[PDB]
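As structure tokens, one chain now follows by itself in the form solved without the DNA.
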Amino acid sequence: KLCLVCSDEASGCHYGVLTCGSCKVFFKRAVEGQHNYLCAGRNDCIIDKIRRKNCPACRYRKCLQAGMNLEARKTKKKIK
């Protein structure tokens, strides 16, 4: 039911894991601009619906932690 990064209701399977549409596009836009996200804190920001925008670094590390990857979407559009 819930996005694995930010805990809002999931929308589907994107880049291998169950996510909302918002984290789908964050991650898409992150790997396309290869952004230098750094965390001003101690890498322990809460990532939830209200706070996810506060620290793209910490939200980025969560997608990785939850196992998103560009490898999944490439292969899934080739299988199709």
The other form holds:
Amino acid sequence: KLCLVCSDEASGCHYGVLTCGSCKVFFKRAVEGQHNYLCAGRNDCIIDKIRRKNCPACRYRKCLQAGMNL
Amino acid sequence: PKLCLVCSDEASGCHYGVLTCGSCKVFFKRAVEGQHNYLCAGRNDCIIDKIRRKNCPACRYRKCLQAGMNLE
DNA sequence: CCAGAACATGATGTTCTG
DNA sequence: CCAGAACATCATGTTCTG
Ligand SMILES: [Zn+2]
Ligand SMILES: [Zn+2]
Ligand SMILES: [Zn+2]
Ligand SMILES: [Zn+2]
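Can you return the structure of this protein in the form deposited with the DNA bound rather than the form solved without the DNA?
Everything in the complex follows now, all chains and molecules, and the chain you saw is the first one.
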């Protein structure tokens, strides 16, 4: 039921992992994109339904640690 | 000189009482009028510079107020 | 049911206007 | 020179399509 990356309502098993739709397409664009994402914090941001917008670097990192893969 | 007191980018002039760049100018005005409720994902002390200022509206808004920005 | 594209919408930053 | 609106361009998220 819950996205393992942002804890929003999950939609299905995506890229190996139970995630929401927004996290699905974020992760695909991160991996297949340039993107030199820079954290404004300490590389340990909270990733929420809301706070996931704030830090792509941490969102992407949390995706990987969740086992998201192509 | 001159530098934005909010994000350290080049200031374009004195806006809402403070030396700021144009982007911080419109950001502030947008924030003090808008919805908004912003949430920090870090520890309420994010680095706000030209690079990172898009990351944390909450901290950028905070720096705007600390610098003394206001509508009058 | 899922990947990937598309189509809205959001958030931002520069330019134009008063 | 500055405020506010308008325009353009993102990043993000939902819906359509394979
Ligand atoms: Zn998610
Ligand atoms: Zn971060
Ligand atoms: Zn600024
Ligand atoms: Zn912050």
